[PDB]
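Excluded from the complex is one protein chain; the other protein chains are retained at their positions.
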Amino acid sequence: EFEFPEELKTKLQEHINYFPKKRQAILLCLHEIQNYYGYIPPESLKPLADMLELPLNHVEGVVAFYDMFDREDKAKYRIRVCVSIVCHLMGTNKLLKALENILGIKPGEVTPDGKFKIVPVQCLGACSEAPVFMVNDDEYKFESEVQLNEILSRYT
Amino acid sequence: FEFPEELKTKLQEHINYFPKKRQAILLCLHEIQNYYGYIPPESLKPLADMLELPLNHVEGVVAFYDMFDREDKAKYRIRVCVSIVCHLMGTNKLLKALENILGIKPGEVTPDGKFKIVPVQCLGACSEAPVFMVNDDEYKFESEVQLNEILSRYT
Amino acid sequence: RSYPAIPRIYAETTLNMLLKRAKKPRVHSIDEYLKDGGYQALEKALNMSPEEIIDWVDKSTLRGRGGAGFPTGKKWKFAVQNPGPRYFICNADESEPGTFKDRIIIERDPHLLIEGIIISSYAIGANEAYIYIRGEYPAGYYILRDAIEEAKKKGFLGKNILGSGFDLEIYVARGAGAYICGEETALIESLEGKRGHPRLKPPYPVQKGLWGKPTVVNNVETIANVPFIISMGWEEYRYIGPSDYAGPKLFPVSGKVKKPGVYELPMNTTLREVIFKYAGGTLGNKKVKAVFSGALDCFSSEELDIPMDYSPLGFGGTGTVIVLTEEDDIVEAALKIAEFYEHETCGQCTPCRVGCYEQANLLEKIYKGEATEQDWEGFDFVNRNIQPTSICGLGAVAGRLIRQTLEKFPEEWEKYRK
Partner (left out) sequence: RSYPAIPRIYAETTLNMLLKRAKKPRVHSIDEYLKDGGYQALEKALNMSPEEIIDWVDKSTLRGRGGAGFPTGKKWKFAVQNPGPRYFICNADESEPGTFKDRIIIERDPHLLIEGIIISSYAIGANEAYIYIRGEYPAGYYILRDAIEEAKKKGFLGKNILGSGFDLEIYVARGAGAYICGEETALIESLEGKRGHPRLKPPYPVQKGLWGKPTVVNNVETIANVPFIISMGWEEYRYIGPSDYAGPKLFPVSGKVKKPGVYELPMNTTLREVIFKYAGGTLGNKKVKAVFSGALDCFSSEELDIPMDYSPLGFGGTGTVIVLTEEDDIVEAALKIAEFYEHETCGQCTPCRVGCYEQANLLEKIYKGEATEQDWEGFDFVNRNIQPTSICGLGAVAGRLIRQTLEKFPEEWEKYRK
């Protein structure tokens, strides 16, 4: 059977102990799992369900519902590119083009080394700084291709 | 001079508390000071009688212990720590803020008899320097705005 | 110590209240907050009865800053007429297009929000409070957790806060990508560890919420007003702005303005003033074509002299001002709004489920000039028929802004039909 490495299991248990009820920790746990693995491994869900004392189908449904979670593609760094109205107006397409020039990938794709995945997302609430992208937890205004290139060089 | 009933009773409680009456002397003087806003020189003779001590024993004790004040009546004593940690962390800022708000410096009483600033040695709250007390309440000084709001609680 | 990178959103205030510290783009920790007199309102509040606090918030005229403008004191009163235990929820899911007012409070002055939460929880007798922060605000999450520990250190949280006998813990939950989890009942479902499916209302949360118990949900900005109301008193607070819609309000301005960012202004400010007096006018000094109030409304250049208040003729909503100028294609803009709703319908209700999808599907065809005659008449019909049977505000409004563009910019739409 699949088992969580102890360093991850410890963190999962912290989340589970944090709220008054175990099941409230489900999203924090799933975030933590995706942080660890670069995606949600299908196999991870059964042990998580046990820890949450939830049925597996409940956990599966939750993973399916929430768009931040990814069961398909392993990626070290997720480049979330906002495709909503303000970033669109102010130059989402220039950001995507710059990203294709540097990395050779389009939205939904992963680089051959498994390092970068471009993820199109709705409004990230930084619209004054459009066009906006995140790299994992870090968030930035796109200025130009040379600028983007320098930022991405910081992720190794 | 004679103590009011409510205070006499309170003094008698202290005197009855310890095995021997004379052990209650400091609790009694704190009570007197709390009541009057200072130690009335006239209060000491009746206290001595109650403690079954000579008058000058009592006088010697009042003189010895720095918390007791026979000179100045004040409703609120602002005890400001002037020892090493509070000094390092900004006693002088607190004192200036106090002068800005109240118009007095250490050792002085406001004209209305409401506040007296008393410089004291380490108050045992050095992690929260600079420290002050207002009567029995104790606080960290953050700023003049903050201090002003605290003092406004004392009417 | 170290938080994820956050863009430095410009912030400006004429009132120096909610943005007194948050006008500076950095985390203000508890010592800086305390130096500005922070948590003194909490101390004052704890020496009042909960009922007086509710009374003050009521008389302040404070209304929900999350977008609907429900009177806050009145919401509290509804909660407290029901038996406890009760819960307090801070809604930090802020995911409306153009909307970034709440994150600058969270990320720069977290103690302002926390103080507000403690006071509000005390007012309604809640001993357990939650912040639900959207998953795409990771920095906000870490900043709040750290701030909450600071508040614990200093005795503003925990049992018997400042000898009052009032107990409170604040739990920080994270979203995971669903706009709909900002809808107060879907938010509660998510807090309960489930999918974010809105519940039929009534009941409202104040009658039946988290674990079926009386629950107040309030927006970040709403809660951040509460320390001021207590500190100044309700009367002084009511001096700020118009006496019927009083208090500071945050306006997130984006798109084709010279100075995009968050403006703290009174609600008698006009939309024209927001754009031209505060936000520096338009990029290239082009003419304003339209303003999108998030994804909710579309105002034309003929509608700029309206007040930024919660009145029938006012701007209303979140205060979100997305400026489009004369060269911005309105149909292209409409498509993006359709794409937004397509992506966020939870799909419980059939007209919402299929309507949000078809509106986006068909508008894409129109935009690309691949639409048939039926696709056109179909788009019109679907747009008018998303709302039926809907149990939440998303289905109620998914067609609203787009309909307003059809009515206010017929000439541009016609270019796409002919």
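Order of writing sets the labels: A, B and C. Residues in every chain begin at 1.
Everything below uses one rule, namely that a residue touches a chain if its C-beta (ideal position, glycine included) is under 8 Å from a C-beta of that chain, and two chains touch if they have at least 3 such contacts.
Asks: Touching the left-out chain: which of B:9, B:100 or B:121?
Replies: Per the contact definition at the top, the residue touching the missing chain is B:121.
Asks: Looking at the whole complex, which of B:50, B:133 or B:147 touches the chain that is not displayed?
Replies: B:133
Asks: If the missing chain were put back, which residues of chain B would it touch?
Replies: Given the touch definition above, chain B has residues 17-20, 22-27, 29-30, 51, 53, 57, 60-61, 64-68, 79, 82-85, 87-89, 120-129, 131, 133, 135-140 touching the missing chain.
Asks: In the complete complex, the non-displayed chain touches which residues of chain C?
Replies: Touch with the absent chain occurs at residues 153-155, 158-160, 163.
Here is the rule we use: only the chains that are shown with their structure count from here on.
Asks: Could you tell me the distance, in whole angstrom, between the mean C-alpha positions of chain A and chain C?
Replies: Using C-alpha averages as centres, the distance is 24 Å.
Asks: Using CA atom averages as chain centres, what separation in Å is found between chain B and chain C?
Replies: Once rounded, the distance between the two centres reads 51 Å.
Asks: If you average the Cα atoms of chain A and of chain B to get two centres, how far apart are those centres in Å?
Replies: Spacing between the chain centres: roughly 61 Å.
Asks: Among all residues of chain B, which ones touch two or more of the remaining chains?
Replies: none
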